[PDB]
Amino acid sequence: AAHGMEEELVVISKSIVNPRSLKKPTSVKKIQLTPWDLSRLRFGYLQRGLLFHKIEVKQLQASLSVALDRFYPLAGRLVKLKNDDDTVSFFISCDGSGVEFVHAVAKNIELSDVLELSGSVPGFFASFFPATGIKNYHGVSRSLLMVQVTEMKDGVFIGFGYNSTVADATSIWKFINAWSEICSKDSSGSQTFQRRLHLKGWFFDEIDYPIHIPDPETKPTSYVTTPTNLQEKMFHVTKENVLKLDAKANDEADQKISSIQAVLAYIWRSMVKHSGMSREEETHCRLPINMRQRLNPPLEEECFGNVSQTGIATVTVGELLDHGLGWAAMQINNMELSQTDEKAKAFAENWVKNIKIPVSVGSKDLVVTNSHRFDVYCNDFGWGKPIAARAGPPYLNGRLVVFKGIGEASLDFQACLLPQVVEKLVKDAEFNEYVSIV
């Protein structure tokens, strides 16, 4: 960290990285957007990143070209059509427009600043991500994937932002795995097996595309947000404590509760306990759901695209605090269970007809993002595995990014909370018994 109020970030270059292919691509494929994708058009790009001891920018960029040739949708652009019925529609044109690639240097930032998230929000770390402020419908003129490699005093950070309409976290991490593999072996891709990309396709039989929707450019606001200062903290849960929380939750639960469910419920209760909310207030836990294996027929984890949804468990603060860990875990589990193919199909068909169910969320929710199932440490670009995975902006109170620990059986969380709540958690003896706050 640099001394003073200002941190130096020098942008060494900004360029467009186009795919590379051996073979001749003849046609421009089009990917149609489902109601899931269209509902997220006004959301901001999702931003994540990996920390390394060493990265060679030249080889990284070269390998990125090949990886983009293989994951071609990430190199395309959104196309917006104006229909004759006053509506608009959107699709993805896989035209190889390319990916925005930024090379920057933060000479005074070191590994420990990123490992410990030493500042406040936005602080220095926000600058490490290239898609801050970009909304998904900006993909008509901005790349669907943006990459920023930032040289640090003693390391290198690779941050990326991606357009939700083109991929979910699963597909993005598959892309990162392939990119790393390519960079490790040979940057030209000669020595890395090329595989055909299996796209999610269109699983909404009774919905025609493109879907006509009101122009989002003139659409009124849907959500209300209240700006505030926030603080990020890293939480670590050891194998031993994960298992203790699992045992306790299943001891108080009627249904079988997963380890991750138990830990998430514990963190949810502990945050609500110190949030200062009143008992009658509503609190929610928001959870990403990979629908690939829920759909009928089911798709494989290899399927490319956004096949994910957000499930929401709703309770009152009083309910959550008056009940035990098992009860909150059961709330999460029930919310997860209720995501079915029939209901997804019905809700999409209704959404097309403007028959919707308003999502009710609060400013004090637990907003779980990422997944303990992603192996973030397999992303060795050729100079060693990363030493950490991190999330970037945008920020909001209650965000909890889940990362599989270095040890298979452990968990890391990047939490975004009010400074007062962090202060209260730091002083919570029981919470610090089970969770280690960095």
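Take the two forms, find the largest set of C-alpha atoms that superpose within 1.5 Å, and that set is the rigid core. Numbering follows the first chain given and starts at 1. First, how it differs from the form deposited in another entry.
- With the rigid core aligned between these two forms, only one of 140, 359, 243, 81 has a CA shift of 2 Å or more: 359.
- Taking the rigid core as fixed, one finds a CA shift for residue 222 of 2 Å or more between these two forms.
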The other form holds:
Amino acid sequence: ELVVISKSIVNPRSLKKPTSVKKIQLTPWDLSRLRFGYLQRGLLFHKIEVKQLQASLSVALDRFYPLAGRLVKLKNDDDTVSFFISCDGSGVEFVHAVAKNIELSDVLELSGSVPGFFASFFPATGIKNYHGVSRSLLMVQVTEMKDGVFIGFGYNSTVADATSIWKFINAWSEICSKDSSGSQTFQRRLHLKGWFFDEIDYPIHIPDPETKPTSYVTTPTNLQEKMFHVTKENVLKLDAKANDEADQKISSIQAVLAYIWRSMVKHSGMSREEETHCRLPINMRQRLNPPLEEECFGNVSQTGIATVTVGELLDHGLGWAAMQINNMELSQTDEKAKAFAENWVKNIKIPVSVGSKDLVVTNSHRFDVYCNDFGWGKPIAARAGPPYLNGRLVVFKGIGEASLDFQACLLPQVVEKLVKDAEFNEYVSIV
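With the form deposited in one PDB entry done, generate the form deposited in another entry in the same format.
There are no partners or other molecules in what follows, just the one chain.
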């Protein structure tokens, strides 16, 4: 129940005399994601005016110009290909849609089988990162609802990590809020991530990612999504309990993730001998040597993986699970990252999926998603879009900074057991 009003390309609006076309080189981290789908997130508002939003977007794209570029695929004479990002100002796909029968309650209170109507609010479903040669690296959809507006976006993981994407959304909202021409918002020089793998030749020669199985997103699933809210009081309670049991210092988010992990596995139906993983995004800017600037733009995120058996996770307590997470984070070193990049170049792996039997943590509690006031008020919710993956756990800072929200994608049988888990529902509010 969604009609498209307009589909257009939004180009950067360049007050400056345009410079040459910058080329951005792709690392093993970027190339190993070429077959994954665009990541899709969005913000819910009481009010957004689309004209101002589109105008301010063109200005913001000038300031974050790699988001307006395209992948370029080179054919090597050895029958491999190479990719780089060309900052050519090709522009961003921008969709204006209307879903006049959908109201805020419907998106705030989402609960149950996915995909549902909400999937259609996102613009990049089924788009893979290697499609960025011909589709934009950022895609935006603004959907007017009965009594609100949703701004959804999808982005190519080869051009940006979530840290960078949320910095762009914050700049865009600031411009939109103050004046759409950008004349009243400070322009800042963009620092690029650059090339930080000094022992790896580039561009890296890889097999063509499109000459690969190419697997569907519209296939029927049995997945559901639920929202989990953890209050400040309960975050603190979990934090204290994890630290009481643990032998090293455990952060609040580690304790809460460990609690969710244990609970998710308790109700999974997995055998004790199965391995379960907690996959966590790690911002590597400050772990690399030399470290990169905290504001450098691009994907500088690595996925850390904590591995245990189901039996181990259930037999030990909360503090032990939190220690597995923390130990994994501590292991994500510079020497590790570089050695592994050099191994990747001699055993290229570009998977189509992550796997469905893990806790797959994404986004971050650190991103101030509510600071995105476009001029009519801060958002009232932050959500993720397709694709749907069992075990996905999207982390959002709460409207209350001390609280946490999680958007969890789970099998129906797991939800059914989770909603009857008395202790879980003491610590976590499921909607």
